[PDB]
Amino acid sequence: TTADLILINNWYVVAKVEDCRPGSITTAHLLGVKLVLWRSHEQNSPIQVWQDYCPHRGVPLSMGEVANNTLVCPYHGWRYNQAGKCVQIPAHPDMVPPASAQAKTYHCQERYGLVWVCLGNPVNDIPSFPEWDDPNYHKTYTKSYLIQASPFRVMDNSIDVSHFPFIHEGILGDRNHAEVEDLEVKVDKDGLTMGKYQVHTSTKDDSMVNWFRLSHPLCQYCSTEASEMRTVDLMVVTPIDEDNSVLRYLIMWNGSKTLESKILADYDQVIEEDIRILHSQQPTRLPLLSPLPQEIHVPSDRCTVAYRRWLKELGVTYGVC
């Protein structure tokens, strides 16, 4: 609503396809807009994403029911077809509903088992995820995490690597290996790419090789390679509004399928360790570079500074300060 056109015109994940099943009604919130998500009882029916608002008298359509490939609002029973047009008004069953009688519909695309939404007119496509079609990679999904922090602070914390030995001790690092190597960062028209850097953990030694790339500011493609196992993930942040976010991960890996529950637990521990910091930080919104006291930057922050720099040019004013 008060978000910049550059965010309104991008794709974001609002749900996993698994939490929307045939006949269901679910709700989401994206950039200050309340959304209703529904499908027909039909197997493989498409997913509609609309503003959660019946235009007759302002009741949430989410409180309605799916019946006969239509969503029926629960106040006066108007029925809206899959295109959002009202097709039956029960008070006047032979009146053709006025043209006005139409739900606000949004672009929706199902990809990687994720439900993607764009509130405006999409200028880019949904980010790539090459491993999706690779049969030697297994896949899994975290649950969704509600976070009381800017979406841009969520991504800022995910781009920050020097904190691993301190809040992620025992999984991504340890206090006896806290020094950070030179980090190569490039911001270009592709997006922000951080070059391969090395993580101490639990083939030369107890370390891993990681890189990541952001084609868009709220979706991150990460890669980590162990001795004989590669894991990749798509991290994707729902910007609920300027101060609140949903975090989800799609995770694929080419090692044993027995690692799934271990990966799920590792992510849950790391995410919760991050949330404790994120909820604590002030200000709530992500501070941008100088064009309480101003944020200080040392060399291991060069990727975080590049992110703030990239947001400034991108003209992001929403959820930042």
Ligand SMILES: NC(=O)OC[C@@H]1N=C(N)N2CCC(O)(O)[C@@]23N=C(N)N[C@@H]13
The other form holds:
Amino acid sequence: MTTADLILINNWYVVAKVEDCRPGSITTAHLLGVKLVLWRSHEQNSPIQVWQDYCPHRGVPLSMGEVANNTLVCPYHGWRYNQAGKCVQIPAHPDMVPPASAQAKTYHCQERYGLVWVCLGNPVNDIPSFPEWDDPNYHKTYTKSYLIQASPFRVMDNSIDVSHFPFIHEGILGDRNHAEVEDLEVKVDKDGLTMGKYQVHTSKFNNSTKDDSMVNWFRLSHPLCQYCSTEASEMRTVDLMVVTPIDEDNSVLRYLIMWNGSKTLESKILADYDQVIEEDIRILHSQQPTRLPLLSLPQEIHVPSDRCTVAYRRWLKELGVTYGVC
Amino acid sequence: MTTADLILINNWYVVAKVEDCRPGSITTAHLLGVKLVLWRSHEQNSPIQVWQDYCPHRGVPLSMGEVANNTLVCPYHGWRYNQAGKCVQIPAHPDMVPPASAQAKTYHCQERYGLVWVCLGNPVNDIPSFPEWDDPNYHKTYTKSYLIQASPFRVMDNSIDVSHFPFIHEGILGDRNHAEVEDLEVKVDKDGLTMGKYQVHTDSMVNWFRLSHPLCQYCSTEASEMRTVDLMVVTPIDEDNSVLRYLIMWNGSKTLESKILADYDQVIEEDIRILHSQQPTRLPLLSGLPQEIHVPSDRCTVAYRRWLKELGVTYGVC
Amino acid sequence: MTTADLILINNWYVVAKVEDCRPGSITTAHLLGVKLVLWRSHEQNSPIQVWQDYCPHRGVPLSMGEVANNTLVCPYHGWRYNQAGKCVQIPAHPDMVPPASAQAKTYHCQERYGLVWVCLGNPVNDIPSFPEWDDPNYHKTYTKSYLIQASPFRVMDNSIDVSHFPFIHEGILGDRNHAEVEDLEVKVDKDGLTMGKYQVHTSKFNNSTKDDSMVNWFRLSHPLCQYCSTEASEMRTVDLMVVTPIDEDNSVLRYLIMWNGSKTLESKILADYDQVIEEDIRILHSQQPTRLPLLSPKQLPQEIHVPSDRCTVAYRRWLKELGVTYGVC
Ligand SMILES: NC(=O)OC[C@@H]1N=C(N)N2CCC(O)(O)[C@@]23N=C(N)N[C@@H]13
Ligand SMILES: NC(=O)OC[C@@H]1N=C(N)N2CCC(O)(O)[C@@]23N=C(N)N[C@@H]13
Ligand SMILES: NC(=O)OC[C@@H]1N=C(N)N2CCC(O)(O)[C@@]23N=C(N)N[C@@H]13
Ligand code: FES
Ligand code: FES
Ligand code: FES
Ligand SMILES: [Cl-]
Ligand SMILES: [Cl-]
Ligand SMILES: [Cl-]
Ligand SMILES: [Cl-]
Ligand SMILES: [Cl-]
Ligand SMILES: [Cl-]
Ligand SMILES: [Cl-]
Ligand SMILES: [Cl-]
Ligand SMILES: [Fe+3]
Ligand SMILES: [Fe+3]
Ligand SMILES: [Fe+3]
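Form deposited without the named molecule already given; the form solved in complex with the named molecule follows:
The next block holds the full complex; its first chain is the one shown before.
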């Protein structure tokens, strides 16, 4: 049984890309300790069902079955479950109405921004906003998924931290000889956590061109999804960073990236993200304790450039998070 | 050393094939949480000793030793144990009589049907009967062993289940156009659990089976021109792991042996795919989160769960 | 960060050889459940720092950093720690004085006999003596380190046991035609555990005794370091056996060996030790329970003891008397 807090259960999380879930497909995923099955009927534009991956007859994963005639069919005795999760046929007794108990545990699913979002509980909140999604001046791309052996809150803590840039992203986002961090603007309010415009010192790459001089800001409406905005020399790049909380100690990381420069930059964008992400994963894998320490092994130390990661920890306690934190 | 229920401790289980326990040999097995050593002296027709795999001096497995002169010799300090498990020689003190505590933990062992049977407790029952063993009209063959990451009681539950045949054994035991299951006849007695004759569809065979005890099943199938029986024996390694073996006998042509073994292998591997996936691992008795649902074609597997609860089984179940 | 008994925490243990800690190097070790980082400046004859492998800012291992300008630099935000473990530079705030909390957890470290000794607590004893260290008639050599999946107290128990020699070390320390064990002399007092001189059967002629044997004795001042002496044919070999208690169930084993015979014996000595150690590891890995059983007023079945077990019984009795509960059962 999931020990996640209600505040986490009642939120939306990404579990897959829509483009990887074809009609007729069966996909597995994991969310807040729960094993999920995602399936679609073979019809074009069919919805995605997201259920607990478990047949209540003899305990077989329904994901080992098959999709047929708009049902998911268990492999073991062939019980057929309709789109609402109700068993509508037991082959051993074809004239018998299946018992009302023969029902899959179903969850909420929405497709948004080409991503599959799931809510295991009763969705109080909305899916986070992504204003550029419907802007045709912006192209889109998606990173691969990254499976990370770290708490989802440590993953997000690292992506709120800006002072590490000249050290583990040396050569892309700065150098150890330019590591001073200016005062940061941070607010935690009704819109969530927002880091105000911050100047990022970048390493020179193309000697023919002007300095990149990027300015970054971001906002988290909810604690595992970050909207990030970067203004560079002649282009804006935005992204939605979504962390899937597999369990307390493990995460999946994905980005949806949009930019209003040339579509031909997609390869460079994906490779630059991959380089930065893997540098962060080396740190994340190593951090102890695995779960994120909240405010109160020696205690964490905080300096002024930690203002936003301190605010993140404060927010998590205000939210009542106990899962994935310590 | 085992924490299994007395009702399980006092029953017989197969742990090896006799052909693998040659004179002079040392082999191992694992039963109800206990590590076992099996050994024989080099004399022809010597008996098989089955002991806990543990030298009580400094805790080394006796299976790392050697068989010498009707004794098993521990590799660490060379203490020698005779066929009764009594230490008869301590090399550091060759004239000393070894203390009474210098004694291997021994278990009951009987060879039957070409199989090595072990009882860790006090045998209250005989080894299950297999009447065709003495019928020379029937040929015999043995499957290989199958190591399964599932509770032994889930392994047997899967074998008692007949309604899954059309879905995971299509072409050998079932037909997806004939998935309906007729009314089943099941009885639980002091003779054990018995399922009455049942039509299989694959032609049309008639099958029945009986379990005298919960982890050994006698199965009988009559086809057009042939009867096939088997003894299915499941070694309960622990609560969560099993060894599966079959002794198969049939009264048709001797030439059918390789096809019989191939068909069994196909069916067994199809079942193992399901067994490895089932959660929870241990077999739920009557009373993933939701509780089991039962329909009429589950009559025999429901009776099996009821029998285990009546017997007081708590090991390997939930 | 350790559940070890105070009697173990306040003792010295070897965690590395000095030759594996070159100037500028970062290495790791593990002691009583604590992850350690060992580092030195690039300077000639720089000291060895041994710290908990942990940056208290955001919990990254300092062993993932780099040595620069006689400081250890954390890879994540570049905090620089001096040889005393004090943070002297926070690059995000270059003119700010680091808070007093910005300090690595440091441990007592000493180099002796070419080995790196560490005490995680407050050392009550000196490092064991090794008198031949100063003697110019003795050559020295070092085995490699051996990682063993067994309790450090089982590792030492196996090294105090002599009656197994004819059975698992046949041809180096005994043979099965010479398996009888003489009455053993054992004492446990202020000096620790001592086994008195006893005869080990070999294959080479001893010119002092006029048969194929050697004379061995050993002493443990503390439960995980053994001084061992062996004499045959006018040549003497001594060693210091040091066990690193990684945690309750795992060990590192090292030997420092000195001998007064030919320098050409060195490779033979190393090969003999490697064979004997691997023979013992085969047994150690198989033993159950993993932790060393102590003696109990009571009655898996309890161990059995015979007279040739006198010194390993004394070892178990000593550990109970000392109050050891970690790595034993
Ligand atoms: N050019 C490039 O790789 O940018 C990465 C992109 N921009 C940041 N400032 N990052 C800091 C942390 C981070 O996760 O890498 C990210 N945060 C979000 N949302 N997207 C990333
Ligand atoms: N032709 C073939 O593979 O038959 C398998 C054989 N016969 C059955 N009806 N089975 C159903 C289940 C089962 O375990 O496979 C088995 N039960 C026993 N005792 N033997 C097997
Ligand atoms: N020639 C050779 O390999 O000798 C091993 C050497 N000498 C002993 N008598 N041993 C007995 C046990 C043991 O651990 O192998 C050891 N104990 C210590 N201190 N050093 C080893
Ligand atoms: S386990 Fe799913 S139909 Fe029986
Ligand atoms: S451990 Fe078996 S003889 Fe010593
Ligand atoms: S974690 Fe070491 S400097 Fe930040
Ligand atoms: Cl469909
Ligand atoms: Cl579609
Ligand atoms: Cl019906
Ligand atoms: Cl023999
Ligand atoms: Cl035959
Ligand atoms: Cl049985
Ligand atoms: Cl001590
Ligand atoms: Cl000494
Ligand atoms: Fe980063
Ligand atoms: Fe089957
Ligand atoms: Fe030894």
